[PDB]
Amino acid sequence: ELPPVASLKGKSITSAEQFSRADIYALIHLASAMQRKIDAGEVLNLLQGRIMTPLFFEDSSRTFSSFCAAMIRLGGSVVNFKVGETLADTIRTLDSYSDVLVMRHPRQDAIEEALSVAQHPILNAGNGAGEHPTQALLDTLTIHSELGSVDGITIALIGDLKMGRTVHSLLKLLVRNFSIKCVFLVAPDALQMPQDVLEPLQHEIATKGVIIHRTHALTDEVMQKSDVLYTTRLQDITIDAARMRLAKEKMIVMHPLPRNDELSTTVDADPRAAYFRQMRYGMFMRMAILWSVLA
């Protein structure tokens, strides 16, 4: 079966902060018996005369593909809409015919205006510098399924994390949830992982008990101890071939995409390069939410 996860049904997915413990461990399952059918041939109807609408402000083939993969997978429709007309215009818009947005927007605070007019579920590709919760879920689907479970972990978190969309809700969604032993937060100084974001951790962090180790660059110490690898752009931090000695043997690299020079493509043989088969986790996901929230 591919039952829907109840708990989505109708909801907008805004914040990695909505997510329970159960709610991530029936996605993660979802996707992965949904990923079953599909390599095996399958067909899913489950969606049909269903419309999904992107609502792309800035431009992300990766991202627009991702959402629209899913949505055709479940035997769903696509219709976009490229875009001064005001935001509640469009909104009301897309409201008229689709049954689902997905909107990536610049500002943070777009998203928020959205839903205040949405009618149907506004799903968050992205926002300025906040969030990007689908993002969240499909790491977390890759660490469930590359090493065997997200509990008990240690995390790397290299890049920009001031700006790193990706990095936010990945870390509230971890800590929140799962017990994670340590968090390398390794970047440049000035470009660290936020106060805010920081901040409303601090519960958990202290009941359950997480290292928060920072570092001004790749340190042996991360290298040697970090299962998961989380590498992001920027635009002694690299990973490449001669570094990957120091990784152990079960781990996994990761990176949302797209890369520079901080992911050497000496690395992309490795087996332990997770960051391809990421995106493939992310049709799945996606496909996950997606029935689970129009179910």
Contents of the next structure:
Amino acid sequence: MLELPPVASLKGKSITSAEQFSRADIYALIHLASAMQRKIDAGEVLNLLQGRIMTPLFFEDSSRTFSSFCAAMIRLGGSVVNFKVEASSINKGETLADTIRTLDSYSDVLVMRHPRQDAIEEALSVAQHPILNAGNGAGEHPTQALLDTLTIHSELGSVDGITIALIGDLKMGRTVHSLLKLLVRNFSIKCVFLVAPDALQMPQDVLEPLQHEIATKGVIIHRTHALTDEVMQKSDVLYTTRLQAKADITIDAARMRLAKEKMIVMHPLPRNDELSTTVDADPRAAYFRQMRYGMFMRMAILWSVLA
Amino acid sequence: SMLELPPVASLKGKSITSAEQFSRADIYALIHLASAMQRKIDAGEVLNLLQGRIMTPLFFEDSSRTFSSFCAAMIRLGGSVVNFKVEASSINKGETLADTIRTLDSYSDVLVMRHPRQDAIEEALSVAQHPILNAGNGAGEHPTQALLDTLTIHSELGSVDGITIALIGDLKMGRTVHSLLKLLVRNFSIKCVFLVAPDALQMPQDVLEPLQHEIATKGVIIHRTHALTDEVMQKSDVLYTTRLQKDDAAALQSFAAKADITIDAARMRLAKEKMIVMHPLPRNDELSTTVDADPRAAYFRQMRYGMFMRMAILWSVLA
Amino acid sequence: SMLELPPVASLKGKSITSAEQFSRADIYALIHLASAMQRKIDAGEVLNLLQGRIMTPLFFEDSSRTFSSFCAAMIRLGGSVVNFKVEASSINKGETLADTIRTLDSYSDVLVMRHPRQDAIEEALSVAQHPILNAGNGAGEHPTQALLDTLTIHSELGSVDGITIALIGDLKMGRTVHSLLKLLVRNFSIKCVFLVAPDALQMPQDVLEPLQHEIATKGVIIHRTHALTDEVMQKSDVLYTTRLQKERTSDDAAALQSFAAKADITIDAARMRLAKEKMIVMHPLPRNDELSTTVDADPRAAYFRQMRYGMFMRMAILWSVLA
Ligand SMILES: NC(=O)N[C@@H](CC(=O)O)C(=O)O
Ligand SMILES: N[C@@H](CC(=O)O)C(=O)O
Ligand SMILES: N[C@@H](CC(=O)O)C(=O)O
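For the form solved in complex with N-carbamoyl-L-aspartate (NCD) instead of the form solved without N-carbamoyl-L-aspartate (NCD), what are the coordinates?
Full assembly next; the chain just shown is listed first.
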């Protein structure tokens, strides 16, 4: 439509990493996501992907990611074939490759989540249709990064210039890896606080490939093992994560007394006690809204890929 | 069309938690709407009333009828289902009930929840922006079973006022009989209710006491029995029986009474010519297969009514 | 302008339990219809033929191709699927098979049933109002597999009559080879069938005897071996090999042992050097090491294209049953 033009660059293409997107890619998707959101909240009913099929291939469990993918597909008028791993012909000795080839025979796109990092590369090698990396081990989670970025944009108004805190298990947290990559390559970030005990800090295999962009844009990088008052007062985003002593990163109503008036708290979810329920009532808690921005970002993605 | 399938306005955008929330007029509007739903589906007509709306099942215990009929009802309105699991979720990585509700709520137009705890429903409500349809909360209620059950009685017998009905089996833990007693007693002039169970599994006081005014104003007879006596067999228009749901004395009393509360072809010889056997299902041997060929065996038709009655509910909720 | 999708009339309103219930004419008609399904779906066209119709899977043992393929096919006709799970259902409270059939039959227009008991499909039939498609009954039959297997031979080789076909591997428990042998011998002029299997896993007498009349009357040569001889490799137009059906205890052990121990049935690039230029390798799937990944590059490897054929054969089956 004039109203919902797909993002041309994403057509017919798998999504494995946040590295594959340009700054233009992200904003085209953001604006497309906002258009999708306005049409849906009005009660408009899209038939954009009628006759098209997504198949989830989840070798690890998910609540959100599965559900937001499916809902996104459906709200575009597309369909889902409900493949399960536990009740499948994997049990009879079949291999990942043959499994992938199989669902490929029937589908227009695959959404894959897997505990091994290099499993996705293997899926690409045998797949004809697009695969969307919905999480590869401790590797990446690219579409979360995109929707995270939509959230920041939509809530605060700009992504350029922000100071962001990445909190929790940065070592194994695939969300924070895609997010860092996405933000630093495609925006001008003031400062990034990496908040974690040393054991779970942001890995070098993430930081080093970003170093040129970090340096060239003059982005500040500080490591702390705590949510110190400096982190609380300066951050426009507190993005915190699950584990995969804890007092020094927990965010509660009290801690929130030190935050600015114009900032948000975000969490890819699910959460443990790092993010107290005391916070939920605060208009700065955007971690529930995040999931709805998720659905619309995923509509944008699916449409752009399959248009 | 609003001529053919007028939704039931009172149900617009509201959660369904109890049989207590409905009025007589509500139950009748839903009955007539379900029957109209049925006449269309049976004639091959396709409906598109709910294109682009999503129903998410949220089932923490097993189901065959209620899951499936809900999914089928939604599809037959042209709506969609997101097949969310609890066993294949991030509830494994330490996620709580409210967070789970707030999640599915981001995506859905209506939620359908079955949960082993009674209070699990009131907890979900407090955080949900979208209607939740209670598909069973522990041993509490199963309000939409009560509605399809009442649909069954009405379509098969022709009237609900004036009936004698026996509720049979595990009445303690049977959320089906809790909701069905409340809905009939509160909204119809029931002649007699037989409560057929051993003491250990009798109908709970917390169901019966809230009904005392209805019971006295409408003059309903309530008799407890521990057996399907000849009286109960000869006088009942509806025999509605239930599985025994699996502390020590309950097991035993159930063992002591099982043959007395079992319905089989032999027992049906004492039944009226016009009456019905019902069972929300699933069943064990409290209801013999020997009864399945009898015209009064209404427990299979019962399921189909469920789909059509849930079509009426879904459409009225989301109109 | 476009192709018609006439339903195959004789399938209307009927259960599919066995390869035996099909005539040659039904097979070609379904084949042709599946090809027109193919050309429509691959052209991007959106089918709305079975809107408002419901398919319910009633799988009492694992499946990937078959479950997924049926759901896809239903979706691509404009139909819908109620994702009922046997393992997470009221059977875990003692519900019978029949009550479970009657349950889903209450909501569905068609049931796709797979079950480890040979006779369970029979149980199901006796109570279901709506058609049931047998998607696997123990070690019995797998009749939609046979139909797609035949599609795959037709589209790939150009003819089914006149072919020499090897059925290899676990022929005793292999429901797929059971239905396919029956379906080929009763409706086509097969030149020769090689039965490549160790003695313990050979093709059973309860499949071979009912076909005796047909085999003799039509001159169908039948050769048993326990190895992929050079003869078998050199003469065969189709190498349809199969997985050892482990899921199906001391003769049991010797039967498991026999596949690779009294073997020589592995197919790999080395064995393939001996094959015709014009031939195909098929495997209904999943595979184990009987079908090496070294064959996958070979254009003669048809076992992936087979799963695609199968979706289209299945769209054809479902439209014909439900139109
Ligand atoms: N976004 C998700 O779907 N989950 C995250 C967050 C987490 O699981 O901790 C992940 O690690 O994949
Ligand atoms: N399934 C119904 C009745 C039963 O289980 O026997 C319920 O649990 O409400
Ligand atoms: N998948 C096929 C073959 C096999 O399982 O080996 C069947 O179920 O019969």
